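Q: This is what each chain is made of:
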Amino acid sequence: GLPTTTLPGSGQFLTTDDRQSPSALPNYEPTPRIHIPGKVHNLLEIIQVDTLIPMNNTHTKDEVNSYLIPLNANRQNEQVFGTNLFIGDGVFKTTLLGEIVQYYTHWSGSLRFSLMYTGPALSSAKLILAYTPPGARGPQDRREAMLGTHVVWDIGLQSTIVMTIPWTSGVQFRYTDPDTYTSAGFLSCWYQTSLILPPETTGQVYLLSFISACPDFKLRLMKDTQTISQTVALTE
Amino acid sequence: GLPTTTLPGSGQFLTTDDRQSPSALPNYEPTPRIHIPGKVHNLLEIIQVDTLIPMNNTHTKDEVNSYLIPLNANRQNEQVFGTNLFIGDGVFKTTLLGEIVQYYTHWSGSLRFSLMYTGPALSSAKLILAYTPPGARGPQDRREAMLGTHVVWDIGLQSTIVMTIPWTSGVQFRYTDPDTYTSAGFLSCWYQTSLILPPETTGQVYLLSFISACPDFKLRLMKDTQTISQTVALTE
Amino acid sequence: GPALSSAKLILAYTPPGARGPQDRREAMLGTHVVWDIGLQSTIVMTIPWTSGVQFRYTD
Amino acid sequence: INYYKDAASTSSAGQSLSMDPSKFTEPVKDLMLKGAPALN
Amino acid sequence: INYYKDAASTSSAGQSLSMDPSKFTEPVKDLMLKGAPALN
Amino acid sequence: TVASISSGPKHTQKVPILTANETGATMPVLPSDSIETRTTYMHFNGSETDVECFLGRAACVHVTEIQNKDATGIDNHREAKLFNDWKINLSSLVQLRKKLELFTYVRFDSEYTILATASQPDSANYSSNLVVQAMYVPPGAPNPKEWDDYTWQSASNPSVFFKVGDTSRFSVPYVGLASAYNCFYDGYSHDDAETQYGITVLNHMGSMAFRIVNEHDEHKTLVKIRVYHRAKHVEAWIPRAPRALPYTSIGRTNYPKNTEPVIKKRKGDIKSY
Amino acid sequence: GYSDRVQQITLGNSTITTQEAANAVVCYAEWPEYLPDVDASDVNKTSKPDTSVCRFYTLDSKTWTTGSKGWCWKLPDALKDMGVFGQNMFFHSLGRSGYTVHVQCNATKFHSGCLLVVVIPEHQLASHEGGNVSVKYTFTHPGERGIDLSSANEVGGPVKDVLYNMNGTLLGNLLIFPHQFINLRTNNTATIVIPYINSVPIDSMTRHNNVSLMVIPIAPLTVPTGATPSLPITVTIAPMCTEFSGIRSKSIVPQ
Ligand SMILES: Cc1cc(CCCOc2c(C)cc(-c3noc(C(F)(F)F)n3)cc2C)on1
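Protein chains in written order, with the working numbering: chain R, 1 to 236; chain A, 1 to 236; chain H, 1 to 59; chain D, 1 to 40; chain B, 1 to 40; chain X, 1 to 273; chain Y, 1 to 255.
Please keep in mind that the hints were generated in silico from the structure rather than gathered at the bench. Hints are supplied without guarantee of correctness; some may be wrong.
Stated by the list, open to error - Simulated pairs of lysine-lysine, DSS-like, Cα-Cα distance not exceeding 27 Å: (1) X/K224 / X/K98; (2) D/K23 / A/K93; (3) B/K29 / H/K8; (4) X/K220 / X/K69; (5) R/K39 / X/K264; (6) X/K271 / R/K93; (7) D/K5 / B/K5; (8) X/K14 / B/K34; (9) B/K23 / R/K93; (10) X/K69 / R/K93; (11) X/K145 / X/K69; (12) A/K126 / D/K34; (13) R/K61 / R/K93; (14) B/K23 / X/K14; (15) X/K264 / R/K223; (16) Y/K109 / H/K8; (17) Y/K80 / Y/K45; (18) X/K267 / A/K218; (19) X/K264 / R/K61; (20) A/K126 / Y/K250; (21) X/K257 / R/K93; (22) Y/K250 / H/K8; (23) R/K126 / X/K10; (24) R/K126 / X/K14; (25) R/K61 / X/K267; (26) Y/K80 / Y/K69; (27) Y/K69 / Y/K48.
What the hints assert, rightly or not - Listed below are several chain Y residues computed to face chain H (Cβ distance under 8 Å; list not exhaustive): (28) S14; (29) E20; (30) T58.
Backbone N, C-alpha and C define an ideal beta-carbon position, used for all residues, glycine too.
Produce the complete structure using the sequences and hints provided.
A: Dropping the structure here:
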């Protein structure tokens, strides 16, 4: 008999431990693997795919319309939209990025924010997207927004503009859960010139906004999400 | 003393675990082995031996007659017999194949179904055996059966016809326990021409049917069978 | 038609043995070309020699 | 590694990996070739 | 060191370390170069 | 591994930030494509976001109950909870379900941990040392009818015997009939007008029965059983939209009627911060 | 002068052209292929009709109006009645196939609108009744007509809320699936090549729909002053690398 001394923790069940255990089905031969396209190895792989942002929260219920960012003709200087950058809440909470991000406590890296114009081909416009890094308020006019990271977007043949929100922070990681010290800043869009519609054309044109992560992205400290729950066990 | 940490599961008795244990009879010398014919290494070995199928269930009790498939003279087009292919139930349930198959949860492979004619030598007949793969109903006439896997059997000198039920499935394994998604199809037999008896010969001729597995066969996930039980422990 | 107009048509060739198609679905089942009207103004659809006998009468 | 002196105390043997059904499927005196008439 | 005979009983696999997002991010037929007009 | 390269001023015909999302592609645009950057390193591998790690921890997948009490006169042991069973499935408790449903097909080995805890709601002179028996009853195996059936002999079915208050642990190889488990299934068991729809017809894994081996004591003991599942040697295919609305049933994608909006509504403008 | 915008696809005796495309998507970057021996289970030699089934079939056109919610088709269901492909579908126990989906919708440089064209593998629909109600066979087998998301619920049918993808997930995240947009100002066609995706080598083509195709208006249709307030949308699908196995009687399916 090999002399041993059991240590504290013996008999405990740590849901996170990774040990060996006897197989209840010895000699069982599992089914052969066959090729299946679309294999996923890391969640960081899929958050690089962008999905639509319900930037237009404003409605009384979930609607296709919450994804449509309204643009108005012949408006100058004015603001198109705005939002803080707590990717684990607000407009981002239901996106694929926000959804996956909420399975972790910490995040870091650069975000990829895109805008696709859907107005008529014969219309034109120049908008300006701006990222205001933490430390100051969300910009209240174009001049203020323009002083920080921004992109002047000329609408045309190439329908989409991709503005990056470069990782701008002192501490190397932020909490996915909205935390002040760890705030990411603000995102806003303004009319650089203005939206011009062609003759016989009337009303509203919309912008579609997307969000995804850059290969920059890091996510850590896995945890349960606030995006799902139940009161009783489900039954068949 | 070697420091250790006991893990969850300690003290458990998994009937399926395979460990070492002290011998209660140290230095005991077991009896020498002698040669004994008929050694069995794998159950897949014996299910390749075919046994009789009680295809003729129809009786009020178990009888030699449930193994006799009646054949009638001067009948054209008509059906001789039919059965679904749930090898773990129905006609197959009591056969060696069905019996062994029920000790496992999953099965896959090809089945070997045979028919041996026992009518007089001077009689003749041509029958057609058909296998209808899953997705359609059991055939209701020869034309329908003939559209699928089949064998036209000419009765003669060689008394037995061996029709294979080739593994025809999408999913690579099926449940031995009758399950719809996992159904194997149908088996039927019809008169290709008809049974002709010679002069001074009268009545019924019978067919004997056999079932066995091809080397194709796979069986997995061992389990208890529904073919045996008791209410109280047996005594001497 | 005018440059600022648009259209998508489908040309179909129905080889012998069946009637002239009576609707798009029927025509679409045979040799065809979906033509997108645009910059290149002309669509060229070939009527490939589809026959058993190697020659036909002009009459 | 075996901790005990007796053979009986060791764990399971591991797949025989022999598998020859013929002693049960073809216990005939004269070899029968698949395809050749069973009764010549 | 593995204490059990079956593969299923071993512990976690360890980082795949493959990581190729392109099958989801760029599943396009004609390769698109960053910087080149998306629609030429 | 660099996180960002050094990148300076720019004035080109090459516009990396102008794309066409209607192509269906997400161009890999980087910060260095739109701003002047400095060199930084990743110092990160992404270990914790590997699917092996994501599904690689134990999650409670089922809670059930059995009890030790005099069986005398009980006509339905199952109903009396003299023994109980669980129609095995991983979509009853929502936390693990949402994770698994992040993919369409999933393949892995499973490590189970069963925790049994005792409870004596009314007058008892002591807590008894009960032994639980968890037996796996695959489709086709005879189901127990009485807490002390011949079925508990478990000659071929695998089963564990462990003390209440203790834990049971073992792993199971990938037992799917196909090459992978389906998290979703847009089909039926056969072409029938009334048959069930969804993975309900695919995930037919039998069930596991639990019972307390001990005979009854004077008092009654309530034993609660919790099953935990940990996936290992993971493979996942076809990522999908995460679940947004609450679940209503095991296996179906059904969501409750008159459900509340899941997307937050702004306390103000679309211009609000 | 080759462009991402101009394309030609020829399958069998059918050809498609488009002068306003936006490249083309190949699901998970994998082109369809036949079933290799190493992955096969079913021992039957398979049938490959080739050009007689691997050709473009055009479904009935849909009408996009200012109030359209979207449409949903299922494969192979949508082609269950298309020439020889359909016949083979019911005469065989098993089958496997890939497809080239081509959605068409043209307007003018004055119109505006944006359709999301996406392919969803194993799109298991939800019952509008909630609880544990099922969705009867017929309702997930609409055939060529497809399911109209703006139509009313019906007993035994699926929920049709565009916002929840008919399955309890949000519309905005449909982009994780191989998709493409038809943004009238840029586009006029969407093309998606679908490889066979399943957890089994081959499968029943009547009781299981491998993927469903959805055409969903995101940015609503907008027509110029006094113009017809509608636009037609046409869906053309061509099977590719189609294999059939286990030929027999021919299924008789619900309704
Ligand atoms: C999806 C999905 C994947 C799975 C795998 C279920 C595994 O099913 C089991 C379980 C839960 C337990 C045992 C088992 N073997 O021994 C025991 C005992 F200890 F519980 F008896 N349980 C065996 C199988 C095949 O179920 N749904």
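Q: Work down the list of hints and note, for each, if the structure agrees.
A: Hints and how they fare:
The suggested pairing of X/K224 with X/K98 holds, with an alpha-carbon distance near 25 Å, which does not exceed 27 Å. Proximity of D/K23 to A/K93 is assessed by CA-CA distance (about 25 Å); at most 27 Å being required, the pair is judged to hold. Note on B/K29 and H/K8: the hinted pairing holds, with a Cα-Cα distance of about 23 Å set against a maximum of 27 Å. Taken as a hint, the X/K220 and X/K69 pair is honoured in the structure, with Cα atoms around 5 Å apart against an allowance of 27 Å.
Distance hint between R/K39 and X/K264 is unfulfilled; the C-alpha atoms sit about 32 Å from each other, more than 27 Å. Between X/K271 and R/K93 the alpha-carbon distance is near 18 Å, which keeps this suggested pair within the 27 Å criterion. The straight-line distance between the Cα atoms of D/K5 and B/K5 is roughly 21 Å, inside the 27 Å bound, and the hint therefore holds. Restraint check: the Cα-Cα separation between X/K14 and B/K34 comes to about 8 Å, which is no more than 27 Å; the hinted pair holds.
About 25 Å separates the Cα atoms of B/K23 and R/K93, which keeps this hinted pair within 27 Å; it holds. Distance check on the hinted pair: X/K69 and R/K93 sit about 50 Å apart at the alpha-carbon level, beyond 27 Å; violated. The suggested pairing of X/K145 with X/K69 holds, with an alpha-carbon distance near 16 Å, which does not exceed 27 Å. Between the alpha carbons of A/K126 and D/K34 the distance comes to roughly 22 Å, so the proposed pair stays at or under 27 Å and holds.
Of the supplied pair hints, the one linking R/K61 and R/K93 holds, its CA atoms being roughly 16 Å apart against a limit of 27 Å. At roughly 25 Å between alpha-carbon atoms, B/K23 and X/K14 fall within 27 Å of each other, so this suggested pair holds. For a cut-off of 27 Å, the pair hint linking X/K264 to R/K223 stands: about 22 Å separates their Cα positions. Restraint check for Y/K109 and H/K8: the C-alpha separation of about 16 Å stays at or below 27 Å, so the hint holds.
Distance hint between Y/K80 and Y/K45 is fulfilled; the C-alpha atoms sit about 23 Å from each other, no more than 27 Å. At most 27 Å may separate the alpha-carbon atoms for a hinted pair to count; X/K267 and A/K218 exceed this at roughly 63 Å. The straight-line distance between the Cα atoms of X/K264 and R/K61 is roughly 9 Å, inside the 27 Å bound, and the hint therefore holds. For the suggested pair A/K126 and Y/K250, the alpha carbons sit about 25 Å apart, so the restraint of at most 27 Å is met.
For a cut-off of 27 Å, the pair hint linking X/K257 to R/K93 stands: about 22 Å separates their Cα positions. Proposed proximity of Y/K250 and H/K8 is contradicted: the alpha carbons are some 37 Å apart, above 27 Å. With a C-alpha separation of about 20 Å, the suggested pairing of R/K126 with X/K10 holds against the 27 Å cut-off. A threshold of 27 Å between alpha carbons decides the hint, and for R/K126 with X/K14 the separation of about 19 Å falls inside it, so the pair holds.
Pair hint R/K61 plus X/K267 holds up; C-alpha atoms about 14 Å apart against a cutoff of 27 Å. In summary, the hint linking Y/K80 to Y/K69 is supported, as the alpha carbons are separated by about 25 Å, within the 27 Å threshold. Note on Y/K69 and Y/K48: the hinted pairing is violated, with a Cα-Cα distance of about 38 Å set against a maximum of 27 Å. Evaluation of the Y/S14 hint against chain H yields a held restraint, the C-beta minimum of about 6 Å falling below 8 Å.
A hinted interface residue such as Y/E20 counts as satisfied when its beta carbon comes closer than 8 Å to some beta carbon of chain H; here the least separation is about 7 Å, so the hint holds. Because the beta carbon of Y/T58 sits about 5 Å from the nearest beta carbon in chain H, less than 8 Å, this interface hint is met.
The structure fails hints 5, 10, 18, 22 and 27 (numbered hints given earlier, in ascending order).
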